[PDB]
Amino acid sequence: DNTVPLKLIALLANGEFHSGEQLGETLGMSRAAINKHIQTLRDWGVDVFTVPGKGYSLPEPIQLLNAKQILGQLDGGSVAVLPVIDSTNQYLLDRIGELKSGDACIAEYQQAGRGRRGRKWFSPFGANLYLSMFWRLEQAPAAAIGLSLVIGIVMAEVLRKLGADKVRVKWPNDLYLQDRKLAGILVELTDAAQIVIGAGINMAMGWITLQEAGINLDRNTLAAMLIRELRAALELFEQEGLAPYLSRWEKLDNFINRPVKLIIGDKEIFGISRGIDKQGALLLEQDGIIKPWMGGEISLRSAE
């Protein structure tokens, strides 16, 4: 049961020192129990500083997700704000039968956040944005490439609009900053098709954060903007496909005309990227010849 640590971080969020005694009085608990639950916050990835014999404090204030503020500025779908969840993608999947296109979910903390191919996504409490959105496509796509490109484009453009000028996209589904992974996108597919989109963006916390690049964004504002723009963008993709996104992709293509490596299955091939075709397939030039690819993991190829 997570109610007591949640009430605890809710109090500690303002960055002010609280005594063990006053936290106990406020929460109607002993100082021993408080000390126990403080440790739980540490397990969740919260940086907590203990003043020996006196109490506790966060080193800095943290901005907690405000549901009322996020909901208030959005329209056209439900948005659930969850303090603790296993995975925002899974939360939407569990209820995929009662959801409408645009229904979204945001978590402070994921206990079982996942990347692609069964990997894990480190999702400490309050440090980053963990967002998911449900969408229904009336005609099922044959692949997740188009959707991923649309998500990556939109989230990059939003971050760029907010000051993160150098954010680029890694085909087909990661945002990169300074050639390092800033954000991860996971699209899960199931006549029509049901889609659960998942985005993890590193803010405060190989990898790179927005803060490590001097970008300090309002997490509530960022969440709302992403949800707002994704809904409209998915409507556009729904109506017109990838076509109106092709030029917008070129401006964000992080690996175009660069030497890259593509891990496909358990084969590893080398080539130079020439961008994408109209279907969003990677155009990889091997030995002077360009071939389209609708799969594989792309990465930079250099011993620099």
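Positions refer to the first chain, counted from 1. Note that the rigid core is defined as the largest set of C-alphas that superpose within 1.5 Å between two forms. First, how it differs from the form deposited in another entry.
Superposed on the rigid core, the two forms differ between these two forms by 2 Å or more at the C-alpha of one listed residue only; from 257, 66, 279, 39 that residue is 39. Positional change of residue 24 between these two forms reaches 2 Å or more at the C-alpha, relative to the superposed core. Once the rigid core is used as the reference frame, the Cα position of residue 54 differs between these two forms by 2 Å or more.
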Second form
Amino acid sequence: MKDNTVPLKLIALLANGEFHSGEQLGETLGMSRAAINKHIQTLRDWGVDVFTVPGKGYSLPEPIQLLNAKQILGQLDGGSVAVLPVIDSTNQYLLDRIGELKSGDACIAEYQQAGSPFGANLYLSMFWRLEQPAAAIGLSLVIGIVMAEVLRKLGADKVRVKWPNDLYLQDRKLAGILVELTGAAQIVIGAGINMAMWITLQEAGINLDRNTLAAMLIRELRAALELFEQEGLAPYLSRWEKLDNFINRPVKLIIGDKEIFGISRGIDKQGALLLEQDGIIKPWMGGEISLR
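Please show me the structure of the same protein in the form deposited in another entry, now that we have looked at it in the form deposited in one PDB entry.
Just this one chain is shown here; partners and other molecules are left out.
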């Protein structure tokens, strides 16, 4: 894989949001001001905002945070966790290593070359092997709960879930989850949170430490999945209820070509959407919910 140490090392230098000159950078990095100039371009290539001013140098319109493996692993117990601020995709990374992983192994990033600028979002993926493809929708629901739960704990109180895989805030999307199965069912979960700049944590006054958020999520996700793996959904049913962004609200459910109108009533014990239409209530196992 490509080596991005310098740019990173560099972005780290500039991170404080102040001004720094090539001379300045060069000596700390031990290299020509010509090189620096070269690495600045990269940053630029990653969506990073690095302003330049003649008799002044370079700086960032805003100080920032960077994943820091140390910190993260410092607050975790066991299991591999690959912290790669820069990567193609968190999911593929895992996908490609299906044979060397274990349930719980993870991968974290703040920029995906594959696909959104460096640091705007938090990416996380985790691997898990269920004893039996018995979950899925179940699974996705659990992931939203936890994540919503975790965010709340750090203070983003109005975070809610959107069946069956998004997180919402003020009726806008803040995060998305994805689940992928592999032909013992091998799964790779992935999620992306909108940290900073559809809505974002910053956008709404919340300013979390990303390393801690990463830490908790992994911890928490790992706990929840093993709970899932043996009790299924039962233990979340009530939790889902308190978080449902749309429960008892009129929604529109697009299922294929079909645009179906109704009132959300939550989910069933199987994680199915309960849609009530004209005094009738039925469970739907797929579709895209939207506000109507």
